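Encoded as structure tokens, the following chain is the form deposited in one PDB entry, with no partner shown.
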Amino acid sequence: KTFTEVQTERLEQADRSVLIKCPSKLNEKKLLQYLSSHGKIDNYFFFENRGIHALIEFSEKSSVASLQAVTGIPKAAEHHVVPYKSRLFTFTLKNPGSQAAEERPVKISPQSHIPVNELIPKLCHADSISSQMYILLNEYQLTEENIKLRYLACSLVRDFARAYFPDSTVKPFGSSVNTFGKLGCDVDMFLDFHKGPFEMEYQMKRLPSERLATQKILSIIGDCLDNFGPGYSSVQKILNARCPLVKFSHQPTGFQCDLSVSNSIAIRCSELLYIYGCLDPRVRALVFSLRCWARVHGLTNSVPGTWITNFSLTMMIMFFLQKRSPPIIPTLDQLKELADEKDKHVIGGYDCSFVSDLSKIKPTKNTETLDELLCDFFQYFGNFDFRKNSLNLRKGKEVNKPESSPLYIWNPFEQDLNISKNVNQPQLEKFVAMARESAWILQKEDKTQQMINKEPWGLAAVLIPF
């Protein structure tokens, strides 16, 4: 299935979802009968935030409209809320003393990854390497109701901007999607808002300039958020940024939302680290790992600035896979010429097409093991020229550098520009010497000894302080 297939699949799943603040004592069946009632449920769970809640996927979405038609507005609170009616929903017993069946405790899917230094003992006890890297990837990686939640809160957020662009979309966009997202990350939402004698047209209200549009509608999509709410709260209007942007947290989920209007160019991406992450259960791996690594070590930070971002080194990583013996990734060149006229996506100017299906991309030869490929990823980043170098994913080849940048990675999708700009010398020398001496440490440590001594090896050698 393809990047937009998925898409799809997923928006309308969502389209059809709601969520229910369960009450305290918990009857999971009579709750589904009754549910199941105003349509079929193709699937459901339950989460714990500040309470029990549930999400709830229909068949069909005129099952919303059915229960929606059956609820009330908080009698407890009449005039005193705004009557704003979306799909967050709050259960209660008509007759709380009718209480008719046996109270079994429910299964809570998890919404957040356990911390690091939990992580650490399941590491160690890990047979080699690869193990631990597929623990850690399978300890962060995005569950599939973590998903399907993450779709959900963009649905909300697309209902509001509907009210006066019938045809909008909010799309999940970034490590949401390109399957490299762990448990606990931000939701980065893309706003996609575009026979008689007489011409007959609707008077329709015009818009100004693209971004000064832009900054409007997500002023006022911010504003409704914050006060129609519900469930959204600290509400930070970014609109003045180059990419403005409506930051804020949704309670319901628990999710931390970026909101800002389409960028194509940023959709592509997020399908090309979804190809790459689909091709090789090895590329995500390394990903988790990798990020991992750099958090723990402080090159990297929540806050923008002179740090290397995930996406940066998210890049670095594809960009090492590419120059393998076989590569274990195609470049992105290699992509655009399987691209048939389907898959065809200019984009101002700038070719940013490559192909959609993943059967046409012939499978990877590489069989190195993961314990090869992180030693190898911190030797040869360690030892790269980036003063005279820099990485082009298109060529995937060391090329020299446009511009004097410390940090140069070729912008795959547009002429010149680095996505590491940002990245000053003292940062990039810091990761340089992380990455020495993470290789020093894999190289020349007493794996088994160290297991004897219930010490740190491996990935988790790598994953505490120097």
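We call the rigid core whatever largest set of C-alpha positions still superposes within 1.5 Å between the two forms. Residue numbers count along the first chain shown, from 1. What changes on going to the form deposited in another entry:
Measuring CA movement between these two forms with the rigid core aligned, the set 115, 96, 305, 105 has one residue at 2 Å or more: 96. When two forms of a protein are overlaid on their rigid core, residues whose CA moves 2 Å or more are considered shifted, and residue 201 is one of them between these two forms. Once both forms are overlaid on the rigid core, the distance between the two CA positions of residue 78 between these two forms is 2 angstroms or more.
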Second form
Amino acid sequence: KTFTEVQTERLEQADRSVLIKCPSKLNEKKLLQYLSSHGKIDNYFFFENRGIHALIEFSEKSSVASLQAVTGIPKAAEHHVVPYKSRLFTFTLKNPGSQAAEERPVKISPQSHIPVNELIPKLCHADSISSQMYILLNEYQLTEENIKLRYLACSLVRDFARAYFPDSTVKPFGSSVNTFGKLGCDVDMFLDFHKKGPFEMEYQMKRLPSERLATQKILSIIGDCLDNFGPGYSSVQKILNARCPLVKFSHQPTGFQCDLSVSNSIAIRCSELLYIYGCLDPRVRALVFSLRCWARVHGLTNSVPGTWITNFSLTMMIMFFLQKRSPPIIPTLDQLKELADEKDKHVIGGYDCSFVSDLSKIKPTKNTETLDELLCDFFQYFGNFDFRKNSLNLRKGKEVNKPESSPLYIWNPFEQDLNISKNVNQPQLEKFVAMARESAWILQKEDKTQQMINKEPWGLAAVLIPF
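The structure above corresponds to the form deposited in one PDB entry; please provide the structure of the form deposited in another entry.
What comes next is one chain alone, with no partners or other molecules.
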């Protein structure tokens, strides 16, 4: 069960899935009975998105074509649609006024988490801090249904990209696949491209200077195509001049906000690294989900980029913390490099990104610290950390001198000599520290039993309300 195996399997399942906008009067049994005539159905679910929608995952890829064969084109008076045929369908009843199976009803798989004000009560009603964090983790994490929906979005963009580039693939990365994803987070997608006789035979293709110019031209054209031809695509925004060129859009059927970029093979290795750490111990994920929520409540993070610390930066700080335990909760990257082999030996653009993929090759942690300790110690550790003189190196798992002058310096573990938190200024760092120290204080000085009895917030709940 390696990261890459899972990706391939998830993509193959997304390959043979479809989305159906369901009728207002919905008969589950009749719908599945009909669709079963096109082939076996491995899995399905329903979700709410300006009407009831259904994801259908067939056992066979041929069932998609079968269904497409009996699907027609919409036909209006103005009658002007872009006739791109996808795997987005709309089912309506032939005779709507002759059907009265109104009270089914249908199980709706949620795609967003409960808001904080609903979550706080549940945390107060828990037994310990450790449980508060796991409750949060469970309300927030990606469900199996949401994950299928994400890979499908990639798959739909793949087919759309395959109009001009038939050998293309679109693989997700970042929070969507590194185990640290929460409901409502964006889908980060990257576009990838993959002898008898006397002649070497090649295509004629325009020779541009660098990857960068091609990348920009491709994304620009795909962008325009999504905007003008793509069904359910919207708010298309081209950001082709960033360090990593990128196109943003919202996909109405799945409801996701999406980021399409090209060939970032580094970010994939990073996604696998965080995948490993997330799989090694359940405390890792529990801790990240809570601290990331904490940062949002106190305005340390923000939706728009700027001087704020990013979830990703924060996540790496949390990993560094976990590397510095006695004994360490997770191994260092260098430790993972020494356990790698030739199969796991990836070198990309000069940098070494090699590390083990097999989980059993990693010796489990002897550490038995509870989350009560780890949460408070996180605030204590970074509330007393010397950010002027020290930087966070996740390869060595040690504090080291800063290569460059920067308020918060965190070492990019692959593209070394980059600071993943270069964007952070001193005002935002000082606010992080102040909130850390205040949160530590609250957790230390709180009389938990007294707060429970008084029907007041305590533990995680106390640090997840504004000060």
